[PDB]
Amino acid sequence: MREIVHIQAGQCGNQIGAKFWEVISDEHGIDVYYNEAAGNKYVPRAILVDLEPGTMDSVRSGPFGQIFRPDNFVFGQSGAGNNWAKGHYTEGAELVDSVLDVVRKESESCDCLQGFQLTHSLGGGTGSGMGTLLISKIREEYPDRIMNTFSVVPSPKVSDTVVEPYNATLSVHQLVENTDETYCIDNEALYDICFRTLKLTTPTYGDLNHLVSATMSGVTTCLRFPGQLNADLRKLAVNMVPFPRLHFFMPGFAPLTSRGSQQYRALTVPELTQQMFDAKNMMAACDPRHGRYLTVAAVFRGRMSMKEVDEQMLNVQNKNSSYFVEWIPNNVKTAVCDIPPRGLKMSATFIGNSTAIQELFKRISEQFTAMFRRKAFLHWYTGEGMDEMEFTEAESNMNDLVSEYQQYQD
Amino acid sequence: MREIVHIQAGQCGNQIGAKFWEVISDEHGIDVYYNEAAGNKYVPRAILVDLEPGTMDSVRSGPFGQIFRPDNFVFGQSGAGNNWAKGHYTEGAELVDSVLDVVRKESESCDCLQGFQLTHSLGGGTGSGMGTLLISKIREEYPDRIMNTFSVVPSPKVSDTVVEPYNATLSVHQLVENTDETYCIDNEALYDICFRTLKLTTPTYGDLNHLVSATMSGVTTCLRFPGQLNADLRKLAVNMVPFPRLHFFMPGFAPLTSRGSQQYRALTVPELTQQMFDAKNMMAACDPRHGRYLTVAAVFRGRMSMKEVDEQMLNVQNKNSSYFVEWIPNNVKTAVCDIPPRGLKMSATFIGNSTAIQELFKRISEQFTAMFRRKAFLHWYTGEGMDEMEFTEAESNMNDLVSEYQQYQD
Amino acid sequence: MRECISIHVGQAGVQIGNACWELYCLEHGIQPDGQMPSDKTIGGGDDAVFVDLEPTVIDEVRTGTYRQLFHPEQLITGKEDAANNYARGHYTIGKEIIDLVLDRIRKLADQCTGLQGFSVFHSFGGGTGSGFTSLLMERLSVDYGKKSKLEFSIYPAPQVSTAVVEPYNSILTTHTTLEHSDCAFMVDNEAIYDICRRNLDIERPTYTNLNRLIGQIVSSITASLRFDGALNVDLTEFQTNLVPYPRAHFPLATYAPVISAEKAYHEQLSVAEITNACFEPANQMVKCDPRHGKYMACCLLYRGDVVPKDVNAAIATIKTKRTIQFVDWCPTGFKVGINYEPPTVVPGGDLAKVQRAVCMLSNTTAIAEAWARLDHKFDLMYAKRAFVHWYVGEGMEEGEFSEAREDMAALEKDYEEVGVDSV
Amino acid sequence: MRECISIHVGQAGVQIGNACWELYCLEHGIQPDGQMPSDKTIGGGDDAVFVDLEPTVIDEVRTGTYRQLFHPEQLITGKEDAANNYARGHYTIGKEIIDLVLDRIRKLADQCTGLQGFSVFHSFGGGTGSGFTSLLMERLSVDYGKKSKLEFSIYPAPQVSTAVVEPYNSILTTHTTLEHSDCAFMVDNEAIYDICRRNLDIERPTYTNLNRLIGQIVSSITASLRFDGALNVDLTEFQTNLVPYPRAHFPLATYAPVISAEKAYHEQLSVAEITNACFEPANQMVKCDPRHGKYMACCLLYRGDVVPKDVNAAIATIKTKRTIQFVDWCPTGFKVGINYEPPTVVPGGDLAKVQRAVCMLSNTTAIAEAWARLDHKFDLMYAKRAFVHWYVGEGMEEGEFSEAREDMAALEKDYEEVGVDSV
Ligand SMILES: Nc1nc2c(ncn2[C@@H]2O[C@H](COP(=O)(O)OP(=O)(O)OP(=O)(O)O)[C@@H](O)[C@H]2O)c(=O)[nH]1
Ligand SMILES: Nc1nc2c(ncn2[C@@H]2O[C@H](COP(=O)(O)OP(=O)(O)OP(=O)(O)O)[C@@H](O)[C@H]2O)c(=O)[nH]1
Ligand SMILES: Nc1nc2c(ncn2[C@@H]2O[C@H](COP(=O)(O)OP(=O)(O)O)[C@@H](O)[C@H]2O)c(=O)[nH]1
Ligand SMILES: Nc1nc2c(ncn2[C@@H]2O[C@H](COP(=O)(O)OP(=O)(O)O)[C@@H](O)[C@H]2O)c(=O)[nH]1
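Which chain is which? The protein sequence lines are D, B, A and C, in order. Sequence positions in the first sequence follow the entry's author numbering and run 1 to 31, 51 to 360, 369 to 437. Sequence positions in the second sequence follow the entry's author numbering and run 1 to 31, 51 to 360, 369 to 437. Sequence positions in the third sequence follow the entry's author numbering and run 1 to 47, 65 to 440. Sequence positions in the fourth sequence follow the entry's author numbering and run 1 to 47, 65 to 440.
It should be emphasised that the hints constitute simulated quantities derived from the structure, not laboratory data. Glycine included, each C-beta is placed from N, C-alpha and C at the ideal position. Be aware that a few hints might be false.
Derived Cβ-Cβ restraints for the label pairs, each shown as a range [unchecked claim]: (1) C/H309 x D/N339: 31 to 37 Å; (2) B/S128 x A/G416: 37 to 43 Å; (3) B/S128 x C/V159: 47 to 53 Å; (4) B/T287 x A/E220: 19 to 25 Å; (5) B/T216 x A/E155: 37 to 43 Å; (6) B/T220 x C/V159: 19 to 25 Å.
Computed list of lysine-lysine pairs in BS3-like fashion (alpha-carbon distance at most 30 Å, straight line) [said to hold, decoys possible]: (7) C/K336 x B/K402; (8) D/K338 x C/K401; (9) C/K280 x D/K326; (10) C/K336 x B/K218; (11) A/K96 x B/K124; (12) C/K401 x B/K402.
So that you can see chain D by itself, here it is in the shape it has in the complex:
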């Protein structure tokens, strides 16, 4: 029933969303066995969508270059580089119709439609302008249905004098438009892991992308197939979203370790219950130790002593009592689900609504008022409409959350 219509748009988005289906290992036959194949029939319900021709890269490559192929979107020849207005007002509003023609001739497919978990990386107008559009285009059409998004925030590092003033015009609605619920990654945090903790003298996208997938899957398919009891893709948005202007989830795997005779507690059962709850292992990197979490979901993976897990998960819930709002009676729930990944023997998966992501927000906030307002560079969007504001009413929004969030962070 949790018929999930997986969306995957944008070049530097498909690349991640792709090798995700690489992580979803159960192939096309040849395999609990009481499977919960949510989405569509035995061909990824995925609906890849790119502005340029990036739907091919490793997309239609070595991994699984067969994502329902005869549906893929490109339109045939186009562009849309790093111009939001582009792919959300222009060279995409061409494509939309195309997509909003194949997702529907895909969404439907009898079984009750879960919603749409749309993948992409905020601040890159190709598929983070096309997609942020899709949303407001899948929305106000499928109100009822719950929408999801695994948006990727442009590392504070700063690529492009534009890979930044970008997305700040997204969390201007990617939180007031269909997005009842959306996890969020911070490339910053990703370098830092392949550096500040895990090894790697440099993170090949074949590095600063691994976790990106062994983290989604660690929240996707689980809380989905058999394991302990069940779960769907929506009772969540009601236990993890205390408010309308919701809050962005701060995902966070755990057993990352590094090579070596990984004896760092050698994945001790209680380790998972520490190897995870820290910014040294969070996918948004924002000192969780800042504000409390209005809620938090856990997802222990790899069959092991369920005792220890509730003995440990409450532990810290009984530990940093300084970081759990404490006006939301039982702001936590564990989840244990049998069948493990491909190399951990044990593994967890953070999913907390911690008011710490605040940082990962007032960032893409003190760059706009501190640039696109401090003066300009916006004289690159007006080309495609966008005259004047639309960058200030957009600044009079995502900037808000500072306050909003700061109101419970306390």
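Place chains B, A and C with the ligands on chain D using the hints.
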């Protein structure tokens, strides 16, 4: 002529009133022989009446399950549990018409109609709400005729948070409505006998019911058939009822003894004249030694020296001169009546209007004002009309007797 | 010739009466007379009204019978099992069978010229025959005023049979007097359940035992003085001697030669060996004590051939005793009557035949005593609450008493207006 | 004969109920009855309405089944994966499958004359079966008013399963009372995840473990008192004893002889060795503490042949303890009922068969405690912001709360209007 129209209603009433006709042993032919068959032709004039289907139990069972069968009352399917309002305002006002249709097509039957001795046990609405209704329904219709009732008072023991606040709304008229005369048993006293005196490590209803019948018969059929001279069912109500709001009779067999070589005076002729006149052998258990008796009837059974009996009966009448009102010139009369029961060789039968039953009244009185007034539990009757009082004007009645009775008890 | 009519209302009366025409076996009034009214004019020209309110006690004559039957028709009967609330039988029910009885009577009391008389066998203390006769008479007196009335009313027994019983007498006498009856012979069952237990042994004096004895006495009165023969009497002349003032004074009765059969009659008792026991307390009817009271009469009745010259022999001896004593306004003497006819006894029923029967009649101002004590077991309850509500919820009243307690009080009042002083 | 109808809405209920007709294997109501309604009239004349909102948990019966099937038709089901926003399942969705359920019921509750009864197996704290039943009843009560209603609503577990969960109870009770239900047995999963872990060992008390135990208790109630036999009871007469005021008071449950198999049952426990543990905290349902509260009732239920003479033996011993204590307006006693029928256990599921089953029912004014704490984990958030916007953006409200917090507040209010004073 003493055409008695025997009534028997209510589940836990038929059960007793039934095995009574078990006690009335003279069967259907095959037997002084100058019989006084009062009631009806050779089929119990009995008119069994139940709200539920209890008219069958042992009713139409092993004993004599042939009580004119083709007349019995049930209506066919119904209820009326422990709700007075029920079976006297509701699920019974259905039945009434049924009964007050078959008793009449029975009462009449040529020969002058004695009256109606209605059996039942106060406080249980089935047939102690239906019956207490029948009365007021047989009354104000057959004024002339004298009515009788062998009501059973709910042992102070207390069954049901309701087998109590029940009857207290009965003696609210079961003494101002047809009932010119009515004997009265107290289950309390019954346990106590099969305990405090007679044996029995527990009283099966096949125990705490025996006396109930070998006591009625001991007042029924006698003072009825041949024996010494005669008697009917009404000159009584005139020698035993000094006042309108009358007084309830406190019946009381005697030769109860117990097993064993019953040599306890081995039923001495003067024993009956003691084995009876005491609360250790009274069916109401109320320390008769309290107030004097306004009157008292005796009924010696089992052919024996009538001399001793008047020599003994006056004896105590000349004995506890402290317990015989003494403003009612000859407040006693004996009765001797030949043919005995089925195991005594001698047996008596108390029937006195002793102001001691006062207790067995101010009981079902310091529970209402001490409950159904002390606050509530009455919010179970209003369902069926009965709004407000009707529990207080009922409390402003049966509670009275206290005073009334206490006025000669002295 | 001139026959007086008799009517026994009520079990106590029916049963009595029933055992009298059994005693009235004294001569011609038995054989093939069944419906043979013809012949001589006396003992009953058809040896008669039996009216009970309980169709049964009065049924041991016709339906089921009882060794005999006079005339199936003269025994009125109802259905109403009983009553026992005076009103309940004097008013309510009574009023129903009182016109079949008053019609029957008149249609009997009006047969063969010259009436004169009504012996009402009663019994008070129990409605029906306690309350219905209270009316019978109120009726008769309305249609036979010029005729006299006698009544052997059976007085209640201290062995006290019934409560509400004491009080009947009172709401009864109150009008069952002036408004009828010139004479009336109080019996007082107490008496017999005592005498028929002493002078006649007998352990538990059965009603018949007590009837075969209240029945004898009745003969030695009515009968004793109601068939010409020799020395005689007239009903009219029954009060003239026995009845001081219109205040219906109740003459006291006393039979003397009573001997069972199992004990020695002593061959005989001098015609005077008797007429002293005849003056012995325990041989009276009303359990009185004329030991405190000035007779206003006193007149012996010897029976079964006796010669006067021997009678006074004791009327003397006695006289010689300072006791007795009369009043004033009356020749402190007698009126002795002798009957040659022998004393009739029945088979085991009367027990032994006597040679000389003796039963006198005096109205001592002492009966008032055992006659007002019956006013105590009344002024007792019936003044302090009592079973008064039945004589209501079954008829009218609420002073059916009181109102009728004064005249029945003024009695022991009158009984002194002839005993406290020299007037 | 007269059968009461039962309807289990919601996984927690479906699962429970599902494991009860499994416990209801106590005698005749199994073999070749599949579609054989005929014969005797009880245990279910066709041993019934299963309505869940998640077509699946309630699918381990028909499609895929689950070791059995009563009657493919009486298990209503939707598609809407779930809900979990009370409104979301009480209004919105509910409003859809509420007329196939209310229709089916009526077309069941109206089969074979004489209805009387509705045992609604519940479970609150999670829409569907928390919000859809809040409506079911609002419906039934509209078309069976004269009929009574029981409901074994499973209380949430402090092991806290879900947020927004606490708050359902409140926007639930507020009308799932007066507007229905005379009685309702609070379970409180907390309890079992504790007892079925102590008195029954077991490490991680699986739902079935907890169902094979809330399921037993239910028998030792409904069943325990719903098949004539000997000493009996009537649904009408379930509150009369257990239900003080219309304020639907929630009677507290307590089973006593609980023994696994792997540990010693001790051959047996005196018929009194039990009826004390039966008074031991840890053996109750709602994790209360009647240690501070005047019982307004209290009535034992022994099961599996027992002779009264031995029962009171403890009802005594206990009495001897100054503790306990009742109120006033109630004869501080019992209502003890004994069943001869032996305690039915299942293959590893119930764990060991007892000789003597014991499960009483008292409504102590102390349940109010563990019953308002559930009002704290609400007055907490749901007063200071909370997830209130879902019970909106999926239906109406904005006082769907508060408005419905007073009466559900007035409860611990009432629960003192029967405990703070001598009235
Ligand atoms: N002399 C006499 N008295 C009797 C006899 N039988 C009963 N009695 C007494 O007379 C009274 C009995 O009255 P009942 O026969 O009861 O009544 P009743 O007034 O004759 O008529 P009912 O009211 O219809 O019964 C009591 O005082 C008895 O003690 C009898 O054979 N002879
Ligand atoms: N007593 C008892 N409670 C149970 C059982 N299973 C679940 N629960 C309770 O029901 C709730 C768990 O509900 P979930 O399984 O999360 O959801 P659901 O009831 O299917 O959800 P809805 O369809 O929206 O009603 C908690 O309050 C549990 O304590 C069971 O077998 N027995
Ligand atoms: N974590 C992660 N971030 C990526 C990846 N590819 C691109 N990005 C991010 O995407 C931004 C630049 O590329 P993107 O915006 O995806 O390009 P577009 O698809 O053409 O719109 C930067 O902020 C990068 O951090 C990837 O594989 N992993
Ligand atoms: N004397 C007597 N009382 C009984 C018997 N069975 C039940 N009772 C009592 O009768 C009392 C009055 O109610 P009940 O008789 O049950 O009412 P019913 O069901 O309408 O007939 C109850 O308190 C019972 O304890 C029996 O056989 N004899």
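- Item | Pair hint C/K336 and B/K218, alpha-carbon separation not exceeding 30 Å | holds (25 Å)
- Look at the Cβ atoms of C/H309 and D/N339 and judge whether their distance stays inside 31 to 37 Å. holds (35 Å)
- Query: Taken at face value, is the distance from the CA of B/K124 to the CA of A/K96 at most 30 Å?
  - Reply: holds (21 Å)
- Task: Go ahead and decide if the range 19 to 25 Å is satisfied by the Cβ distance of B/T287 to A/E220.
- Result: holds (20 Å)
- Query: CA of C/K280 to CA of D/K326, is that 30 Å or under?
  - Reply: Holds, because 23 Å separates the two Cα atoms, which is no more than 30 Å.
- Message: Please verify whether C/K336 and B/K402 have alpha carbons no more than 30 Å apart.
- Response: Holds. C/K336 to B/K402 sits at ~25 Å (cutoff 30 Å).
- Query: If you check the beta carbons of B/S128 and A/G416, does the distance land in 37 to 43 Å?
  - Reply: holds (41 Å)
- Query: Can the restraint linking C/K401 and B/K402 be considered satisfied, given a maximum Cα separation of 30 Å?
  - Reply: violated (39 Å)
- Given a hinted range of 47 to 53 Å, is it respected by the beta-carbon distance of B/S128 and C/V159? holds (51 Å)
- With 19 to 25 Å as the target window, see if B/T220 and C/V159 comply at their CB atoms. violated (52 Å)
- Query: Is the straight-line distance between the alpha-carbon of D/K338 and that of C/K401 30 Å or less?
  - Reply: Distance of about 24 Å is within 30 Å: holds.
- Determine whether the Cβ-Cβ distance between B/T216 and A/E155 falls within the hinted range of 37 to 43 Å. Hint violated: Cβ distance 57 Å, outside 37 to 43 Å.
In terms of the numbered hints stated before, the structure departs from hints 5, 6 and 12, listed from lowest to highest.
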